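Q: The hints should help you fit chains B, C and D onto chain A, whose structure is shown.
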Amino acid sequence: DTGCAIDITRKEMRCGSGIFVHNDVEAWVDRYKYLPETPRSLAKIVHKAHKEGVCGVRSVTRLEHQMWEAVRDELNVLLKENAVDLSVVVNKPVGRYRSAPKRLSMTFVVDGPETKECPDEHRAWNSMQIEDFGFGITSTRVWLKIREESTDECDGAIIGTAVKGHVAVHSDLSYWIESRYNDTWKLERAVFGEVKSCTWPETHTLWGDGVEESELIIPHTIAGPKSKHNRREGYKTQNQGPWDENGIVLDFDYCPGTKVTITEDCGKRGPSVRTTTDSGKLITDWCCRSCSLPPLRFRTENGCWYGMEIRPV
Amino acid sequence: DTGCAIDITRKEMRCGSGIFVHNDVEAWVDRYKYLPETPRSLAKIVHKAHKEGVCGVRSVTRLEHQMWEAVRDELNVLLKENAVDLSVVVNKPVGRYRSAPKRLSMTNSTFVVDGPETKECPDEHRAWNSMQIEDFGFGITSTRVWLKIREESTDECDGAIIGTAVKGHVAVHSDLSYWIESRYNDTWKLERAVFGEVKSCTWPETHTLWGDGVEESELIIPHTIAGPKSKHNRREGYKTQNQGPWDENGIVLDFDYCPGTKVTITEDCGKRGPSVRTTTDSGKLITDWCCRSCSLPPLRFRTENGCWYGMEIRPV
Amino acid sequence: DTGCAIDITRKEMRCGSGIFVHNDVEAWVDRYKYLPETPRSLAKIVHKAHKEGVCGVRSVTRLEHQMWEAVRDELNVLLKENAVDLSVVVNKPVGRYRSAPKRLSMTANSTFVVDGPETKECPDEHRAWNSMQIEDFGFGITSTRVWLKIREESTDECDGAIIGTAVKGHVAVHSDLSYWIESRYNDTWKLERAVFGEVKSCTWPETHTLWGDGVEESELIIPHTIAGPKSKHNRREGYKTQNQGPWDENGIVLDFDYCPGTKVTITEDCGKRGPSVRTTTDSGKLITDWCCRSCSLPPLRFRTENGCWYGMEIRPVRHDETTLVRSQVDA
Amino acid sequence: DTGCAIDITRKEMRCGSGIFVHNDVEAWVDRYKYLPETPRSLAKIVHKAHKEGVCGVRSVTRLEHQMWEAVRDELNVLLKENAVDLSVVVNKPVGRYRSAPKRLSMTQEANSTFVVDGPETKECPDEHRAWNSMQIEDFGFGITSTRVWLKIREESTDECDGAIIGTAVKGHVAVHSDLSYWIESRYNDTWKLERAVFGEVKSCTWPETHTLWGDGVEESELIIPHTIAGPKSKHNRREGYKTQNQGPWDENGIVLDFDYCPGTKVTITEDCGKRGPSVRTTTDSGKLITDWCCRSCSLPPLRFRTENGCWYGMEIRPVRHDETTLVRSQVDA
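Listed in order, the protein sequences are those of chains A, B, C and D.
For the first sequence, our numbering begins at 1 and goes up steadily by one.
For the second sequence, our numbering begins at 1001 and goes up steadily by one.
For the third sequence, our numbering begins at 2001 and goes up steadily by one.
For the fourth sequence, our numbering begins at 3001 and goes up steadily by one.
Since the hints were made in silico from the structure, they are not lab data.
Mixed in with the good hints, there may be bad ones.
[Claimed, not checked] Below, in silico cross-link-like pairs of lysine-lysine (PhoX-like), each with a Cα-Cα straight-line distance of 25 Å or less: (1) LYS1189/B with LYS11/A; (2) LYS226/A with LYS1051/B; (3) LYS226/A with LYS1033/B; (4) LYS51/A with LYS186/A; (5) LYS2285/C with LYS2240/C; (6) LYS2149/C with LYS3011/D; (7) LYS186/A with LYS1189/B; (8) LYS3033/D with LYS2033/C; (9) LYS2230/C with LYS3011/D; (10) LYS1033/B with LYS1051/B; (11) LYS2011/C with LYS3033/D; (12) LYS3092/D with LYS2230/C; (13) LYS3192/D with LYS3242/D; (14) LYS2285/C with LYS11/A.
Bound-form chain A, shown alone:
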C-alpha cells in the first residue's frame, strides 16, 4: 500500500503511497514458498485421480514442484489407511516444464523422466490457484486451493507489470522482462529463471492492441506477454532458441571474444547455433542478412548463444 523509494531519473527521494513492483527473480534465495491446503483433502483428491486414471501431475512452476517434493513424504504417511498401494514420486526436473491437456480435478509420475508407463496425454496440469498470503519471519507463506474453472493462462495474483517513466516491466515470480525508450520502444533484457508454458493474462499486458503473434520475440507458448513492448525491430519470434537449457538470460550484446559482420546474402533462418564447439576453435566470424547491432544473445549456464538470424559464414 505505502512505499518509500529513491528516484534517480527525477533526481528526488520521496516517500509516499502507491504501488511498488519488485524484482523477485534475480535473487539468491527464495522468499515465497508454495503451501497447499490441508493434506486430508489432497488424499481423497489423489485417490479420485488414481481411480479415474491420472498417472501423474505435471508441475507448472518450479515452486509447485518444490511443494510436491516437500509434501510427498507427508502425503505418503497420511495415506495407505484406506487407499491401496500406490507410488507418488517427485522426480528431478529435466528442463522446461511442459503443458498437459488434462486438468486435475474440480469443485503418480510428476514431471521428470518421460517414462512410457504414464502417458502425457493423461497427466494433470495447472489446477491449483493462489488463495491468500500468510505471514512468516523465515519465508512468506502462499496458500493454495484447487481451481474451479479450467483455463489456459498463468496465475494472476502474482503478476506485476508497470511503466513509470520510459521503463517498462512485465514480470512475475519467474520472469522479468524489461523495456526502454531512447528513440523507439524496444525490449532491453529478459531474465528467465525457468521456462513454463502457461499464457500471460490478457488483463496484465500493456500496449497490446493490434498485435500480431508472428512479430513477437518471446513466443506466447512460453508465456510471453502479447504486447508491443515484447517485440524488437528486425527480429521475429525466437521459437527455435535454447529454450531447453536452464538459466536463460536474453539481452542484446556480443558473445565474449566474438565479431559479427552483416552480409548482403547469407543464412536467413534456422535453429539456434552454438557459439563454441570445443573440438573446433571458438567461432569468430558470423554472418546475417538483416539484423541490428548489438545482436541478441542467450547467456545460459553452459556459455553463450546467438539468435535465429545469426549464423557463422
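A: For chains B, C and D alone, coordinates are given in the frame of chain A:
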C-alpha cells in the same frame, strides 16, 4: 530504482529495486513546478506566433497555467526592453482546459492565455500542447521540470510522467493530475477515479493495460477527457458518460450512496439523459431516483458543490 | 534494520541490512514528539514532588520543554479536579539548560514553575532535572510518539535510547536528537563541524564513544560537561577546551573557516587565551585584524544567530576592550 | 550516505542522510574485488623483494589471496617475458591467516620460487615471508563487483585496514564489522556480546579509532582474543567468561553464538575441573556427549558452530569421562 515498501495483501515489508508508482494527486500541497528552457526564446516564439497570427495558447495542465503566470513578469520585462506594443494577461481557469486546432507552428497586442472567447481572437485558431517535458532538476520542495518544444503536433498526453501498474487484483492509470483505480471482486471493475483537473488530451496506448478489443462506447470516462482506452474503465450496466459534471472543481468519481435517494430499479423511468444534481434549487434533496437498468451501488460525483448521479439515473 | 542507500565514496547504490544513522538536527519539521506515560500519573508525581521538597523542574532537552508546555493544561485540569491547590506554569528558556540536584520520584498560591530564570520563589537548589527515561516508541502518521517513564536511578548521563554513533571509512559521527558532531580523516583525525540544536548539560555515555582511551579532559574541543563526547575525534591540533565560548546563543554552528571580511596572522607576541570576542562591535563596526599565539589555520568560528564569533585563542590585535562583546558562559 | 530504511524499534520508515553500515559478510556473492595498482610495477616489487631476501608473501585477508591467485598468471608472463628467473606460486589456505615479520618495499621505478600462503616449508620458512604491505587507495565502479585498488604502505603497521571498517551503535545494539567480521552486542539489563560471525580468522590488530567503549579495558577478559583482530572494547565481553585462546580457531565457517548445542546438557556444579582447550561434542564414532560440567558459567554457554557442528568454550568440560577418542583444539592464539 532502489526503495522500500509495505505490502498489506502480501503481509510483508521489504526493500529492493523495481518500479515505484506514487500517488501525488490527492496530496494537498504542490510538488512539481514547470520551467521553460530559455526565457529569451519564449519572447522570440511569442513574436513569431503573433506575426503568424496566433492570439494565444491554452494551457494543457494547471501547472502550465502556473508556469505562464510565473513567466508573465519575465516576458513583460523582455517586451518592455525590446520596445514592442504587447501585453500578456493570466485569468482564472473558468471551466475545463479545452483543446485548440492549431499549435505553436514553426518552419496594443494582447497575448491572452485562457478564459472566454474574445471577439478579436476566437476559440478557433489558438495553440495547445506545444511543449514537451525534457528533463528534471533538483529541488528541496518543488522538483524542477524543464520544458522544451516539440517537433510534431501530437494530440496525446505527455508520457514522461505517466505511471501505470498492476500488482495483484489492483490496477492504476495515473499521472500528475489523474488517479484511476480498479479492483478484482469476482470480476474486474472500476473502483475510484479521483480528479483535480479535467484535461482533453488522449491517454497513450503505450500506458494502457488490457487494451485489446476495447469498445469505445463502454468507457466510463470518455476517451476525449483523457480516459484510458482500457477495459478496467467500465462497470456492468453503464456506457460512455459524455454528459456529466466535467466543469466543476475537485470532482471525485466513486460508487456509493449519497444522502437520501432510495434504491428504485424500475424499468420505465424515462430515457438516459444529462446528470441531475441532488438539490432542488439550493433547497431540498431529492430522495426518489430510478434507473432503467443499472448496478448497485449507483454512480455519484463527490464534487465539493454537492452530489450528482449518472446519466442512466433520473429522478422520479 | 533494512534499507537501501547511496554511497558516494564507494561508487555504489546498495541495499540490505545493517545500521543506518540519520541526521535529524538539520531539519525544518520536528520528527519526534515526547509524551508522558499518562497525564493522570504525572499529577500524582508533581503533587508528591511539591509535597516533599521540589519547587520546580528544569528540562534537559527542548523536546522535554515542549512536552511540558503541551501537557500543562491537562495536568492543571486534573489537579484542579482532584481538589488540590496547585498550578503548573511553563516559562520560556533563556540560555543553556543547566543541571539541578533533585529528582522526581514515582509512587492558587503554590506554584510549580518550569524552565526559566532563577527566581527568589524557587531557588536553583530545589529543582529537578533528568528524572525520566524513554520507554518505547509509537507509530505516528506525521510525528512518532516517544513514551517516557520515571527513571528509578539517579544517573547524570544522557539517554542512550536515541544516541547514534558511527564510523565508516574515514568519517565519524557522534549524534542524538539535538547534537550532530562530524569528524573526518585527512592524514590525521580531527574535528570538522558540529551543529547544536541546543546546549545541554548531561554527560555523554561511554558506551557510545569511539576512541576513548587515554583522553585528557583539557584537550576536548567542546567541554565534557555540556554533553561533549569523551573521545579523541572531538579534538583538533593546536586548540584546547573551549569552556568559555558563546555557549548561550541559539542556532549555533561550530566549524573551521574565516568569519566574513576578516583575517588572522600567526604571531607569538599576541595576547593570551580569554573569552571569545564577536567579529562586530556593539556599534556595528567590523574588526578586520586578528592574531593568535598558537593556532592552526583555518580558524575556529562560531556561526550563531547574533553574528560571527572566533575561538577563545584568537584575540583582536589592537582596538580596545571597551566596545567589544565578550562571552560570559563560565561553562 | 543518502538513503532510506525500515526501523522495527522506532516503528518508522523514512529517508535522509547519514551513515549506512551494511552487512557484507553474510552475502552469497562477492561484491568487492581487490586489484593491484600496476601489474608492470608489481613485477619490479617482487624482483626487488626477492633480491633483498624475501622468499614469499602471506596473505592477510581471503581477498588478498584471491587477488594473488588471479594475478599470478600475468605476473609469471611478465617475469618470463622480461627474462627473469623467478616464478610466483599460490598455494591453498590451511588454517587461520598467520603473521610474518617482513614487509614489501615501496615501488622504486637453480630455480627460484615465490611461494604464497604455503605451509611451514623448509625452503621458505615462516620468518622469511612478507605480511600486510598493501593499503586501499580508491574504489571503482562495477555492476557485479566494485574495484578496490591497492598501494604499497609507506610506514610499517600491525593494524587492520581502516578504509573498510564500519562501527555503529544506535540505541540498544552495536556492531563492529568489516568485510570479514561481524561482531554484535545487545542491551538487556547489561551490555553483552550477542553473536559473532567469521569468514576467516586473520591476525591483524583492530585499530582503536574504530572501537567503542574502549576505556580501562583488560586484555584478559575479551571473549575474542586481541591477537586475532578482536576489538579491544567492552562490547567484546560477556559475564563469567575469559579469553578463549585455545578455541576452534583453525576451522572454517565459524559462528560464535550463546546457545545449547543440540542434545547436550550443562550443569553449573562446582565439582568440575579446570578450563582447557575446546572439546567437540562428537567423538571419533560420532557419539554425542550429553553430560557437561562447568564451574562459573552463565547459561546459555558459548557455542562455536563450524562445519563440524559443535564446540564449547574453555570453561565447559565433560563429565565422568577420560581423554580418549575425543577431539580437542590444537590452536593457541
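Q: In ascending order, which of the hints set out earlier in this document are inconsistent with the structure?
A: Violated hints: 1, 2, 3, 4, 5, 7, 8, 9, 10, 12, 14; rest satisfied.
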